[PDB]
Amino acid sequence: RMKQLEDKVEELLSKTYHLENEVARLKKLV
Amino acid sequence: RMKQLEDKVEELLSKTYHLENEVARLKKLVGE
Amino acid sequence: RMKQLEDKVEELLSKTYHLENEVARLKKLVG
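Protein chains in written order, with the deposited numbering: chain A, 1 to 30; chain B, 1 to 32; chain C, 1 to 31.
No lab work stands behind these hints, which were simulated from the structure alone. The C-beta atom is built at its ideal place from N, Cα and C for all residues, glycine as well. Don't take each hint at face value.
[What the hints assert, rightly or not] If the Cβ cut is set under 8 Å, some of the chain B residues that face chain C in the computed set are: (1) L5; (2) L12; (3) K15.
Just need the whole structure built from these sequences, with the hints factored in.
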């Protein structure tokens, strides 16, 4: 369960960076 | 403490999946 | 290790609330 957890945190970290990029771009467009 | 973290990670995953859908909907409305 | 994960989850919680605020603002400006 420790590895399971660390991999989900890893995924969340890439997901939030991805969403951050998507929102920043949207703000640029309007 | 492990189950508590598992619970928080699951909730943040659910929140991120919801926000991805909201952004998708928005990009579609805005465009390129 | 458990403390590090906890730290990261705390960080992600804040990031996630920040994004929610930004998305909500965009939803209201676009409609």
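Hints, one by one, checked against the model:
1. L5: holds (6 Å)
2. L12: Check passed: Cβ of B/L12 comes within 6 Å of chain C, closer than 8 Å.
3. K15: holds (5 Å)
Checked against the numbered hints above, the structure breaks none of them.
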